Amino acid sequence: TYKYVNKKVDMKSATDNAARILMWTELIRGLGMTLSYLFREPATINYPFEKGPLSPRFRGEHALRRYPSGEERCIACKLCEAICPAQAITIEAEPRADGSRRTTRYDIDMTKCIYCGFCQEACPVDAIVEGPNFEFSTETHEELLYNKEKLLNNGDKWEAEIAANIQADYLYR
Amino acid sequence: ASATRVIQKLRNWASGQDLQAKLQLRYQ
Amino acid sequence: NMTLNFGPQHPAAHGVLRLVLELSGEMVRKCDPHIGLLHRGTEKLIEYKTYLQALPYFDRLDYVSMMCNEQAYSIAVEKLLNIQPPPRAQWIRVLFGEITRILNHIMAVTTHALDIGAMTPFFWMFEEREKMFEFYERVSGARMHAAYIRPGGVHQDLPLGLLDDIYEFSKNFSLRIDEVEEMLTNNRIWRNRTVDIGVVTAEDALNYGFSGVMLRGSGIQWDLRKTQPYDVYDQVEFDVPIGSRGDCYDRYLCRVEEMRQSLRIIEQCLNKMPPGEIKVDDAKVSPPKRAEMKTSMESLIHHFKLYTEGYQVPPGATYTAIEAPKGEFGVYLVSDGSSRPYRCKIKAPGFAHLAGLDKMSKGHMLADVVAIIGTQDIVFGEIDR
Amino acid sequence: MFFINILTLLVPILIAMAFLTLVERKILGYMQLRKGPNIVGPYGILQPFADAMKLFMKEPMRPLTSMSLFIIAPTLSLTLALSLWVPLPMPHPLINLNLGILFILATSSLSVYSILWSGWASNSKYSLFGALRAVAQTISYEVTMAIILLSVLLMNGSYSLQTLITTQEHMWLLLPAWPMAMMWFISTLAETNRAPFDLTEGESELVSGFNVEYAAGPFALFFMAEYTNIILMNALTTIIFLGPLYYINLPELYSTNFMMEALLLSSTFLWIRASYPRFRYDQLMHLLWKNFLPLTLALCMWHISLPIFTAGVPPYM
Amino acid sequence: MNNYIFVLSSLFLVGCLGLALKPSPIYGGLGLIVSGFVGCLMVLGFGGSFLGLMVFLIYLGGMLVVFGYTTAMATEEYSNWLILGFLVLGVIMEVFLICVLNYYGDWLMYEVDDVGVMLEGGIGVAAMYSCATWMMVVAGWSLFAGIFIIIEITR
Amino acid sequence: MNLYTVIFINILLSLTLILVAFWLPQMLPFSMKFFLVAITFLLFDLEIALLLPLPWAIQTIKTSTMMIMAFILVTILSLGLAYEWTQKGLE
Amino acid sequence: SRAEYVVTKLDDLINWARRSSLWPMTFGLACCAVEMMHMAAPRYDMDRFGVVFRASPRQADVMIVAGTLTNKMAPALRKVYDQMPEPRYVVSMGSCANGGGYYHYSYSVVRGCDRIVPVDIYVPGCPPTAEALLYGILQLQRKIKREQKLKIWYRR
Amino acid sequence: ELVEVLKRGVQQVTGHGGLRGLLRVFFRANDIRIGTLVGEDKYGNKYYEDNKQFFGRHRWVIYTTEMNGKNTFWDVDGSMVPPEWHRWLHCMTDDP
Amino acid sequence: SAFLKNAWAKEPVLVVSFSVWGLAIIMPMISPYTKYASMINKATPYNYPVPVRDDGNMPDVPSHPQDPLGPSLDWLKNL
Amino acid sequence: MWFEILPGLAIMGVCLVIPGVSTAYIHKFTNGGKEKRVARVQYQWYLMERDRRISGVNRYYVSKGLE
Ligand SMILES: CCCCCCCCCCCCCCCCCC(=O)OC[C@H](COP(=O)(O)OCCN)OC(=O)CCCCCCCCCCCCCCCCC
Ligand SMILES: COC1=C(OC)C(=O)C(CC=C(C)C)=C(C)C1=O
Ligand code: SF4
Ligand code: SF4
Ligand code: SF4
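Line order of the protein sequences matches chains I, r, D, H, J, A, B, q, b and a. Letter by letter, the first sequence follows residues 35 to 42, 48 to 212 of the entry's author numbering. Letter by letter, the second sequence follows residues 2 to 29 of the entry's author numbering. Letter by letter, the third sequence follows residues 79 to 463 of the entry's author numbering. Letter by letter, the fourth sequence follows residues 1 to 64, 66 to 318 of the entry's author numbering. Letter by letter, the fifth sequence follows residues 1 to 78, 84 to 109, 121 to 171 of the entry's author numbering. Letter by letter, the sixth sequence follows residues 1 to 27, 49 to 112 of the entry's author numbering. Letter by letter, the seventh sequence follows residues 69 to 224 of the entry's author numbering. Letter by letter, the eighth sequence follows residues 2 to 97 of the entry's author numbering. Letter by letter, the ninth sequence follows residues 6 to 84 of the entry's author numbering. Letter by letter, the tenth sequence follows residues 1 to 67 of the entry's author numbering.
No lab work stands behind these hints, which were simulated from the structure alone. A virtual CB, placed ideally from N, CA and C, is assigned to each residue, including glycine. Be aware that a few hints might be false.
What the hints assert, rightly or not - Some chain q residues flagged as far from chain r (calculated, every beta-carbon gap over 12 Å): (1) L3; (2) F27; (3) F28; (4) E41; (5) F55; (6) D78.
Unchecked claim - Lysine-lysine pairs mimicking PhoX-like chemistry, simulated, CA-CA at most 25 Å apart: (7) I:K42 with b:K82; (8) q:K71 with q:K43; (9) B:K213 with B:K77; (10) I:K117 with D:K372; (11) B:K77 with q:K47; (12) I:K189 with q:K43; (13) D:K423 with B:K140; (14) B:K211 with B:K77; (15) b:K40 with b:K10; (16) B:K217 with q:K71; (17) q:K47 with q:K71; (18) A:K109 with D:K440; (19) q:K71 with r:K23; (20) A:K54 with A:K109; (21) H:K126 with B:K140; (22) D:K108 with D:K249; (23) I:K41 with D:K304; (24) I:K51 with b:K15; (25) I:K196 with I:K117; (26) D:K362 with I:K117; (27) D:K108 with B:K140; (28) B:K213 with q:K53; (29) I:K51 with I:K117; (30) D:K350 with D:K108; (31) A:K83 with H:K291; (32) D:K350 with D:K362; (33) b:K15 with I:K41; (34) b:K15 with A:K83; (35) B:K219 with B:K77; (36) D:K367 with I:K37; (37) B:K77 with B:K217; (38) I:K196 with q:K71; (39) H:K126 with D:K108.
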């Protein structure tokens, strides 16, 4: 089904046309629209005081979670490294004295990271999660590169909200 | 909103249609 | 014939375009657009990545239209696997496919005006855009660059409540399109700078491969969505906005009309979206649900192999084209039996349109060139790929 | 005293000139659904002073440009704008130039040099084009701008802006001569390179040819000039066509009324800017050598005959 | 300052000196603008207003404006310093000549009608419309022809 | 003098600002069509100059003459403009 | 009266003027402008904070390098950067410009803009959220506030 | 109508304690509005939510001086709000 | 006439333009007041009216201009 | 709402009335409470000057029938 967007001399018709042309009516019409909004409530938010709403799936900033007991969740299966589109995550591991399997080095290069959220997806123990925080702008490039200690620390700081967010969205996944 | 019933009428007259029905402020 | 580089950093030129121009007087004698200021390797990089880890590249190819692009790769990978998405996923893709069309047109019409010099339409509709982004975020997690439409359906069902809000918005957006018209559709001045600028004949538009509103604006009736239906765009009913006296003004009117027609398609999708699953049930192609992979061995094995290795698409090649907001977006995906593709030429509605800049802007002033780049909705990501 | 009367009439205008940018960055804002600048200071009142200080501190880049001319153009611009406010006939005008309107017309014309020379001095292709485009539009709009005034004068009787306060003691000159008001308003929009007619610094079309290379202090001076002009021309509309009430006993009423009308018509070109896309160069000139100039010439005759056949010749005092 | 007049005349002379040196066409235009300014000043000094204005709205106006425009088009190539030097050379020589008579504003406004009511510049030139009605007819024919001369010479 | 006083303050205020600016931060076209328009300008400007005297001519006892003369001036120049159009010179 | 005090106060004023008005520059390269344009848009008005998005290297201060700095555009960025006024700050925006992003290993992408222009604030995120840019612009404002140029002059 | 508009403005000004108290809110935020206080976190912070205001501005936090001894009264930072109350502010969760 | 009509609706400036040109070329010719302009302006007393020697046979204003004889502007009054 | 564009305007208005009230009271102070005589044409300058000579040196001082 198609439609013609712009398919298309009595004195009255001609005069009215002249009225428009010489009285600039269609221009006055446009001014009315802007005057109208001037009176509408503007939609801006005080950025520091009020924050634009983000729902639970917002990917934001990477964090590594820990079991309630205190044992870090990651068991170095290293498929988060495998499915990382940008090659961001670098993981090398060795058996901890406990005999368990843990990552000696876990480095997410956030500048390399494109925040796809597949790592959130891929982890079997769900140790690496996309944390809610989006405000982590840094003065130096090195700060953006993150080792296991920063991510684990990021995980501890935001664990309460991360747990609430995963709680809200896990049925969906 | 909070048109006060006079800024709203200037708004309606200038626009030529009822913005009250289709507002820019989303509400519950 | 004065030579001048329109300049990569031009407030008007979308993104970065070096439009070397020879201007007789203010008239533009020759237009040799330069490209590749945003070539990034998207086509070679994909060969080194698995099918699911190349999905995020498609969102970045033309990111104004974030998802509609993802649907083209999806469809393409589904064809090669001869798998088709579940019924609910199809409607979703058409729901977010259209929402995305609006997003692109709000970008194209309002950014067109900002270069022309009208600045209030952009702020009016960017607020509506913003509200739409929020749909993306509450469905995917990202405001733009979602990665929601994956090769076997969408990733996760809609949140419990989104449909209602994609209604409130749709119920009102119309008035917002109406307001802009008032200012421009009939502005005594919009018409002048747009009317009879960059007229493209019908035969010439097909010849230079325009394939988009640019063809539709010249009166050729072709909407790949009606001619070759993809997903469930067949079950909906919409009217293609064909144009006559094709020129910047006419095509514009067409883009405002598809914004209108997309609200008609969105309404339906909300009215008729089926109960069901949002991803194919073949753990072979779609990753297993997390409750299942954490309780069933076959699901873990399928989760591990899918994320680490990949789909393993059967060997073949396909060119699948959808109707992305800009025009025909197609992926020619040659594939060996391997889990990572072999070639993935992205046909960009835009490589063809820019080429036409020369045959459109002839004997035109510097300001005319600015108007014509706008009427082609050039996003340098798709052209440069 | 006279010196004090020079501070007043200057500073006050400069302080008001600063508050126009603010009322521009907020009225354009609310029209576009945004608060505008309110965070620096209370409600953005300190905002104009803030960038002034940034602009002057940032390096005044001297491109590798005819230095003398490059630096003079800004000076001329501001000089002229501030000067054109000297003979304005707010009650008891600073200086009763008997041929004031002519003076206004004269200084207004000289401004063109600034843009022209600036472009030539800048030595950048963008700037050159800007100057050429600017000079043409500017001068052309001067031709109808001048004829529109000559029609007015002939119904006022003299070139002195002070006479119109006595001409408009019963009715605004808008009622009569409204057809020219509109044409004075549109020409006032062109001569201040404001929006509908702002191809001088289109930014999108060509990138600010006038000040492509100008930054910091030079940017500011023209800048200041433009905005002061924005007011002055609006104020001339508020004396020549919208005649504020005046009472010899109470001379203040005029100023107060003059204020209200000047602010509203100054508000109008702010409102015009946000509301309209920008005319093309060719379109702009056509309107004046084609759409208007014939209108302005004819009415001139009508305004020549009007007094005679109505035996309404004005007193020459 | 009675010297006011002489001062002005000197400035005018100096400006014309620059034009004489034939600097860049743009520099020439600028110089003339300065001189024209000096000129209206002098005329006004005698008392003529309308007359002074004219040169301003005509010379300081478009007369040089178009020149300016024009030059942009036909003058592309930028010793001006040397020219400036010769200018100073002329200035001193000019000054020297006045100093010659130095060894060897007294009378302006030579005569005036202290009480007068309809005397002022412009009134006399206003008589182009009455009792001088052949000046302005011939000037109008000059313009009406000049239209045609320029349109073919450009053609 | 009063004007001279005002104007020199006006230049001084500007020159002061430009200086502060520099001293404080120590820490080929083919406009043939235009050419024609430019010439017409020159011409029209001159007419206007011949139309400026009207404000005093309106007072001429010989009012009729002034009317005829003035009317002719505007009309003739109007014709010139129209010709530009007729010959399509400006277009 | 101790000049030292007199100096600090003066510096602060200078810092307040610069921090208050940070006219950013037009630099969208890789679809992050879309986010930036969102900042300029009504939900998160940049202007309120002083930002005005001037579009000429000459009168613009902050350069928000939004997007991928391909090899062909690299020199241009450097040029525009060099042509801005003296006090110029660069805010890298996007993983594509902080480092290399999804296109780090490509042959046509510079691995970061801080290899071509010194960068002051790095805003992270593939489409760094507009609020995040706003956070980044606000951190540039705290960086400027701390700068003490005249006190070092005095103590030098 | 507008007189009630004026009374609302007067109550907002009187709402922030004394003349000095509103001056403090005026300078750091530049917005004066009155809302119920949902909570005060242990790091000095005060949170208010108003149902009447539109979705973007119905929840706001007024930051406090020295929340880790930083002289934060003027250099307000988004990260200052604690992780527990971050989601309430961003509307991630309705519950306080 | 027909073109006139379209002209009234297309290019409706020139039409108005010419119309005025003419209306200004007519009103003066037909006007109960046109004559006054040359009088009202003639009368304005810009220059002093030098007296005349009362030689004899003078019907002119008799000395004091308040005398009845002489021209009058009652036409100007009550005009 | 739009309430806020007013602050700025207030400071513009107040700065556009000052000049008109100022120039029109620094005249009635310097000229002795009587509007500065506007001498458009010489006659007026003559009368003005005549006034100066009539009394003091300043024209504003005005002698009357009692002189
Ligand atoms: C009988 C005795 C003699 C009197 C006769 C009177 C007859 C009736 C009056 C006839 C003329 C009335 C109008 C006069 C001004 C308009 C003149 C005109 O013709 O407009 C030209 C142009 C529109 O032309 P366009 O649409 O391109 O088509 C041309 C077709 N020939 O116009 C434009 O495009 C203007 C573009 C403007 C862009 C900005 C618009 C701003 C609008 C708001 C402000 C309007 C002015 C406010 C003035 C306030 C007071 C000063
Ligand atoms: C009004 O014209 C415009 C500019 O010039 C001032 C810009 O710099 C820019 C760039 C600014 C941003 C915030 C991308 C845009 C988009 C624009 O439309
Ligand atoms: S996937 Fe989860 S567990 Fe396996 S390595 Fe990455 S993080 Fe550690
Ligand atoms: S987000 Fe995407 S890119 Fe960043 S780490 Fe997790 S997977 Fe690799
Ligand atoms: S970072 Fe993500 S968003 Fe910004 S440019 Fe690179 S890809 Fe596009």
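Hints versus structure:
no.	hint	result
1	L3	violated (6 Å)
2	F27	holds (21 Å)
3	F28	holds (25 Å)
4	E41	holds (26 Å)
5	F55	violated (4 Å)
6	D78	holds (28 Å)
7	I:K42 with b:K82	violated (63 Å)
8	q:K71 with q:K43	holds (15 Å)
9	B:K213 with B:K77	holds (12 Å)
10	I:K117 with D:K372	holds (17 Å)
11	B:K77 with q:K47	violated (31 Å)
12	I:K189 with q:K43	holds (24 Å)
13	D:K423 with B:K140	holds (22 Å)
14	B:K211 with B:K77	holds (17 Å)
15	b:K40 with b:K10	violated (37 Å)
16	B:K217 with q:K71	holds (22 Å)
17	q:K47 with q:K71	holds (17 Å)
18	A:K109 with D:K440	holds (22 Å)
19	q:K71 with r:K23	violated (46 Å)
20	A:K54 with A:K109	holds (11 Å)
21	H:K126 with B:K140	holds (23 Å)
22	D:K108 with D:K249	violated (46 Å)
23	I:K41 with D:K304	holds (21 Å)
24	I:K51 with b:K15	holds (13 Å)
25	I:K196 with I:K117	holds (24 Å)
26	D:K362 with I:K117	holds (21 Å)
27	D:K108 with B:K140	holds (23 Å)
28	B:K213 with q:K53	violated (37 Å)
29	I:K51 with I:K117	violated (80 Å)
30	D:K350 with D:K108	violated (51 Å)
31	A:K83 with H:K291	violated (34 Å)
32	D:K350 with D:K362	violated (29 Å)
33	b:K15 with I:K41	holds (20 Å)
34	b:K15 with A:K83	violated (41 Å)
35	B:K219 with B:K77	holds (10 Å)
36	D:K367 with I:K37	violated (45 Å)
37	B:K77 with B:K217	holds (12 Å)
38	I:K196 with q:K71	holds (19 Å)
39	H:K126 with D:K108	holds (17 Å)
The structure fails to meet hints 1, 5, 7, 11, 15, 19, 22, 28, 29, 30, 31, 32, 34, 36 from the earlier list, while all remaining hints are met.
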